[PDB]
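*Asks:* Next come the chains, spelled out residue by residue.
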Amino acid sequence: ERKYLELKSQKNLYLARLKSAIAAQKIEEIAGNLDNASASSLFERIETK
Amino acid sequence: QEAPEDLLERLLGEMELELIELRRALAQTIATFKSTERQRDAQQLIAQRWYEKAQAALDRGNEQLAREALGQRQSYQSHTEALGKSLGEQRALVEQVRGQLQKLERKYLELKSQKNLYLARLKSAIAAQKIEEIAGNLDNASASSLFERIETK
Amino acid sequence: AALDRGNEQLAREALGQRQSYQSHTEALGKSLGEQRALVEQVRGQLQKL
Amino acid sequence: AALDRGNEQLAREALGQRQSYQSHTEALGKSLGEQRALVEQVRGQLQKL
Amino acid sequence: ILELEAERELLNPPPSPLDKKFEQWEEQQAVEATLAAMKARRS
Amino acid sequence: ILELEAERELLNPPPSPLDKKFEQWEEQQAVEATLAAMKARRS
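In order, the protein sequence lines correspond to chains Y, 0, U, r, T and 4.
Each residue of the first sequence is one higher than the one before, counting from 126 in the deposited numbering.
Each residue of the second sequence is one higher than the one before, counting from 22 in the deposited numbering.
Each residue of the third sequence is one higher than the one before, counting from 77 in the deposited numbering.
Each residue of the fourth sequence is one higher than the one before, counting from 77 in the deposited numbering.
Each residue of the fifth sequence is one higher than the one before, counting from 175 in the deposited numbering.
Each residue of the sixth sequence is one higher than the one before, counting from 175 in the deposited numbering.
Mixed in with the good hints, there may be bad ones.
What the hints assert, rightly or not - Keeping only pairs whose Cα atoms sit at most 30 Å apart, straight-line, the calculated DSBU-like set for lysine-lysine is:
| hint | chain 1 | residue 1 | chain 2 | residue 2 |
| --- | --- | --- | --- | --- |
| 1 | 0 | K124 | Y | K144 |
| 2 | U | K106 | 0 | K124 |
| 3 | 4 | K194 | Y | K151 |
| 4 | r | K124 | r | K106 |
| 5 | U | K106 | 0 | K128 |
| 6 | T | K194 | T | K213 |
| 7 | U | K124 | 0 | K144 |
| 8 | 0 | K106 | T | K194 |
| 9 | Y | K136 | 0 | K106 |
| 10 | 4 | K194 | 4 | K213 |
FYI, nobody ran anything at the bench for these hints, they're computed from the structure.
Given only the sequences and the hints, what does the whole structure look like? Please build it.
*Replies:* In structure tokens:
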């Protein structure tokens with residue numbers, strides 16, 4: 126029984142990291158949309174316009 | 022394709038939903054972190070209760086009973102050590118992830134600040150050209166039809 | 077209030093905290109200065125207009 | 077009334093209690109001072125108006 | 175309960191141990207400085 | 175997780191150890207230089 130709850134304790138901790146990582150990447154790619162290398166289309170394209 | 026100006030508002034909205042998602046996610050991490058802390062405290066209290074019992078055993082020369090008492094404490098002690106090291110490790114993680122978020126929110130409002138400034142320029146430029154082309158209709162080179170044509174008439 | 081009475085150590089950390097705000101202050105100040113020429117230019121366009 | 081007759085200990089706690097009110101006093105005082113320029117400005121607007 | 179309690183702790187970060195030290199440090203100065211006049215006023 | 179974590183590291187390259195050294199170096203100068211006036215102002 127001790128082995129069970131110990132595994133259950135680690136279950137949520139790694140789920141938290143996965144939510145963190147997915148919650149981590151999905152923004153910076155949007156921040157990447159405002160890249161300084163002109164790969165952006167939202168920001169630099171309007172200025173050139 | 023849609024106007025990228027509209028995307029500017031919508032794109033930030035999507036990032037707003039995720040920020041709270043990370044916000045709720047972090048709390049889940051902290052909540053578990055506190056719970057693991059209590060379990061360590063409770064077990065050492067049981068060990069302390071065994072030690073305080075051992076603080077009753079060998080008195081008056083009954084050393085034998087004390088030996089078994091500490092042996093019982095050792096099983097709790099082993100579980101105590103593992104949690105303690107596990108508890109120590111997690112602290113650097115939560116500090117790191119919060120530090121990520123704190124740096125992160127500043128980056129959001131800063132981008133939002135620039136959003137309207139460039140929209141203003143676009144409205145200025147579009148509000149700038151659409152008149153002078155009409156002023157261009159009254160060009161002095163006779164390309165005009167509203168002004169010079171009527172005079173020649 | 078810190079280094080008075082010889083408690084220099086506390087003053088050191090206090091200014092270090094100020095430096096983070098100072099860095100953000102400088103960026104806004106330069107950004108604020110830049111925008112002034114823009115608004116003057118655009119209004120001048122309109123007034124002539 | 078406290079430190080008279082050498083009962084300094086009681087005076088210490090008394091001033092400590094005053095400090096909580098003192099902190100709230102300072103915030104209101106600065107807030108009160110700030111608002112005065114506002115009401116003078118808005119009335120001056122109306123009087124010219 | 176711990177879930178909700180932690181949730182606020184994120185939204186309202188606790189004051190740093192730094193300003194706790196200084197507020198305690200500075201506060202002891204006001205009481206002593208303020209009390210200094212009284213202990214000299216009506217010594 | 176490491177897969178995603180590395181993915182960002184590509185898209186936002188970390189500041190070089192160089193500017194880390196200089197920012198730490200220069201920052202220590204502002205605090206000391208800024209603190210220099212105070213330690214002389216109200217010595």
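*Asks:* Hints first: check each against the structure and report whether it holds.
*Replies:* Hints versus structure:
Restraint check: the Cα-Cα separation between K124 (chain 0) and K144 (chain Y) comes to about 18 Å, which is no more than 30 Å; the hinted pair holds. Restraint check: the Cα-Cα separation between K106 (chain U) and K124 (chain 0) comes to about 21 Å, which is no more than 30 Å; the hinted pair holds. A threshold of 30 Å between alpha carbons decides the hint, and for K194 (chain 4) with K151 (chain Y) the separation of about 27 Å falls inside it, so the pair holds. For the hint linking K124 (chain r) to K106 (chain r), the alpha-carbon distance of about 28 Å falls within 30 Å, and the restraint holds.
Distance check on the hinted pair: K106 (chain U) and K128 (chain 0) sit about 18 Å apart at the alpha-carbon level, within 30 Å; holds. Straight-line distance between C-alpha atoms of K194 (chain T) and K213 (chain T) comes to about 28 Å, which keeps the hinted pair within the 30 Å bound. For the hint linking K124 (chain U) to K144 (chain 0), the alpha-carbon distance of about 18 Å falls within 30 Å, and the restraint holds. The hinted pair formed by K106 (chain 0) and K194 (chain T) meets the criterion: a straight-line CA distance of about 29 Å does not exceed 30 Å.
For a cut-off of 30 Å, the pair hint linking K136 (chain Y) to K106 (chain 0) stands: about 18 Å separates their Cα positions. Simply put, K194 (chain 4) and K213 (chain 4) have alpha-carbon atoms about 28 Å apart, close enough for the 30 Å limit, and the pair holds.
The structure is consistent with each of the numbered hints, conforming to all of them.
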